[PDB]
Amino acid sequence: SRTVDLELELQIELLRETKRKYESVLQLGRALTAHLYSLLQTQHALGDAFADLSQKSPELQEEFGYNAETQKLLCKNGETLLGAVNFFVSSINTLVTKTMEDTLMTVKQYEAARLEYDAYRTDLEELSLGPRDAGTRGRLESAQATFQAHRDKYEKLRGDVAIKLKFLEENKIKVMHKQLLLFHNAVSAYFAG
C-alpha cells in the first residue's frame, strides 16, 4: 500500500547487490594476500640462494651479493605489506560478514512480518465478501484483531529497518573510507621502501 515499502524494497535490493560486490573484493583481496605470501617465501629462498652463491664464488660475488640484498629486502617489506592487506581483509570482512549481516537478520524478520501481514489481510477480505451466518459477524471481528496485531508487527519492523539502513550507510562509508585509504597507503608505502 505505502510508498515506504516501495522505497525500502528498493534500498534492500541495493544492499544485497553491493554485498556480493564487496564479497568479490574480499575474495580477490585474499587471493592477492596468498599470492603475496607465496611471493615473499620464494623471494626469501631466492635471496638465500643468491647469498650462498655469492659467498662460494669470489669471481662473481658482488653480482650475486647485491642481488641477495634486494631479494631479502623485498620480502622484509613484503612481510610488512602482507600484514596491512590482512588487516584490510578482516575489517572489510567485519563490515560484510558481521555488520551488514546484522541488518539482514532484521531484513528477514521485516519480511516475515510482511508475509504474515498479507495472509491475515486476505482472511479479512475473504470474509467481508463471503456468506453470512452465526460464524460470520463473530468471525470478522477476530480477523480484525489479528489483522491489526500483525499490522503493528509489520509497522514496527518496517520502522526498525529504516533505522538500521540509515545507521549502516553512515558506518559503511566510514569503514570503507578508512580501509580503502589504509589499503592504498599500504601499497605506496611498500614501493616507498
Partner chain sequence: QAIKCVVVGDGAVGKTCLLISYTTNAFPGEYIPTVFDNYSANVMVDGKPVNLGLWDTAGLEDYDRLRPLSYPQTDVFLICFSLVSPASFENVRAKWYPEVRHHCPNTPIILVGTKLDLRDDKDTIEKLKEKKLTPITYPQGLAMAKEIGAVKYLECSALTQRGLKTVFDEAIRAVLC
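Residue numbers count along the first chain shown, from 1. For clarity, a rigid core is taken as the largest C-alpha set superposing within 1.5 Å between two forms. First, how it differs from the form deposited with the partner chain bound.
Superposing the rigid core between the two forms leaves a single residue from 124, 36, 162, 168 with a C-alpha shift of at least 2 Å: 124.
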The other form holds:
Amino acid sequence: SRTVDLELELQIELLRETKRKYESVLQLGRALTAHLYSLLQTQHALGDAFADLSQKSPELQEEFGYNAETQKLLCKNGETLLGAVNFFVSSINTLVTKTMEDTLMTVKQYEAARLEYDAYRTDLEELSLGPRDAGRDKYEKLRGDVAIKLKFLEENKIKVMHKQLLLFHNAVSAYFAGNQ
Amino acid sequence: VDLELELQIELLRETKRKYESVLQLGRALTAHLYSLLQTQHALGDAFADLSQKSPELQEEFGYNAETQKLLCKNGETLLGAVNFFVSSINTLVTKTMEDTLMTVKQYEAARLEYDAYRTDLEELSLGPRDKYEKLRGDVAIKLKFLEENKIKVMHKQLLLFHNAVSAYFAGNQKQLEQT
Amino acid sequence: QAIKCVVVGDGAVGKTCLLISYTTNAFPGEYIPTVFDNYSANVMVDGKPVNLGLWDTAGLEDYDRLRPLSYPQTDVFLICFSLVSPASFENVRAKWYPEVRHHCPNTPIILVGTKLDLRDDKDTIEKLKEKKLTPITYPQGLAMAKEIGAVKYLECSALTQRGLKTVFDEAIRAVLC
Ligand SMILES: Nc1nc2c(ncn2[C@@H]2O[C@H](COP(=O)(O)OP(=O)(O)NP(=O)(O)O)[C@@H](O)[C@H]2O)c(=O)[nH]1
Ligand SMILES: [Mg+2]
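Moving on from the form deposited without the partner chain, kindly provide the form deposited with the partner chain bound as a structure.
Up next: the whole complex, starting with the chain shown before.
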C-alpha cells in the first residue's frame, strides 16, 4: 500500500550518499588547510633559527645554512599549495552547501507529497470498508520537478568535480616539481 | 673570577638555548606533520571509495587517491627522520649538555666562594681546600669535550635531516611519474 | 555546522593565550605549548551543535606574507589588542582593520580587549605612567569598533577567563546571526 517511484528513489538515495561522502572530503580538506598552515609557518621559523645558528656558528656554517635555505624555499612553495587547497575546499563547499541543497530542498517537498498521498488513499480504503463506496496532482507535479533538478545537478556535479579534482591534483604535484 | 671559563659557560647557555628553541620548532614540525599524514591517509580512502562508487568521475577520484596514498607512504619515512632528528638533538640537550652544566653548578658552588671569602676575610687582616681547581678541571675538560660532541652530532644530524627532506621530494616526484 | 574563526592582532597581545585558555582552560604559561598550532571547540549554542574552528596567527611583520593564506573561507575575525598596550590599540586601525578587509571585505569583525587584568594593577600602572602613557578605556575600543564596523566589542583576560567564554559565544551568533 505504498507509492514507489523506483528509479527516482534509487537516485535520491544515491544523491544523499554522495552528499554524505562529499561533506566528508570537505571536512578533510579543511583539516588539510589547517595542518598545512601550521607546517608552513614552522618551516619559516625553522628557516630563521637555522639561518641565525648558521652565522653564530662557523664550525657549522655550511650545515645550518644549507637547511635554512631549504626550509625557506619549502615555506614559499607551500604558500602556493595552501592557496590551491583553499580553492578546492571553497569550490566544493558551494556544490554541497548550495547546489546540492537546492535540489534536496525539492526532494523533501516531493517526499512529503508522496507520503501525504499515501495517507490519503489509505484513509479512503478504511472508509470504504464501512457504509460502502467502491466506485495526486501535487505529488505528480513535485515528482517531475525533482526529476529535472536531479538531471541538471548531476551534469553540474561532473563538471565542477572534474575541474576541482584536476587542479587539486596538479597543485599537489607541482608542490614537488618546482620544489625539486 | 677566571674569565675564559666564564665566557665559555656563557656561550654553552646561549647555545643550549638556541638548540632548545630549535628543539621546540622541531616538536611542532613533528606534530603538524603527523596530522597531515592522517588527513592524507583519510583523504585517499575517501577518494578510492568515491572512485569505485562514481563511474562518472572514476579517473579523477582514482589518481587523486593514488597520489594521496604514495604521499602518505613517503611522509611516514620523512616523519621517521624528523623524529630521529629531534630526539638525537634532545639527547645532546637533556643529557650530554646537562652533564656539563651540572659540573658547572658545582664549580660555581665552589667558584665565587674563593672570590668572596677573599674580599671577605680581606677585611680581617692587620689591625694593631684547593680542589676549586679539581672542579676547575671538571668544567674545562668536561666542557671542551662537549664542543667536539656538538660538532659531531650536529654535523651528522643536520645532514640526515636535510637529505631526508630532499629524499621526500625526490621519491615523491619519482613515483609521482610512474603513472 | 562548521564555523571558521581567525584571531589576528599585534603580536604580544595574547592571541595564543586567548585560544589555549578558552579551549583547554590553562594559561599558555608553563613552557609555552606547540607553536603555530590551531584550535577547535564543540559548543552548544542554544540547543544547537556547533563545530568551532579557531585559527591562530603571528603578529610580527615577518609573517605578513603567509598570513592571508589562512583568511580564505573565514566566518568571523577577532582583531585583538592589549588594554595595557596603547601602541597596539592604535595598530588596530593602522594595520589589522585594513588587512583583514583587503582580503575579506564582507566578513563580520569583532574587537577584543586582551589583558583586562593588567589595567588595574600596581606596576604596569606606574611603568605605563613612566612612558607617559595610560590604559585603554572602554570608550575608544568601544569607539574603535564603531570607527570600524565591528559587529561587537568585548574585553577579557585569558588569565582570569573573565569575559573569555562570551567572546566566542558572540562570534558564533555574529555568524548564524
Ligand atoms: N596578565 C596577562 N598576561 C597575559 C595575558 N595574555 C597574555 N599574557 C602574556 O602576554 C605575553 C604574550 O602572550 P602571547 O599569547 O604570546 O601573545 P601573542 O599575541 O600570541 N603573540 P604572537 O603574535 O607573537 O604569537 C605572554 O608572556 C603572556 O603570559 C592576559 O590575559 N593577562
Ligand atoms: Mg601567538
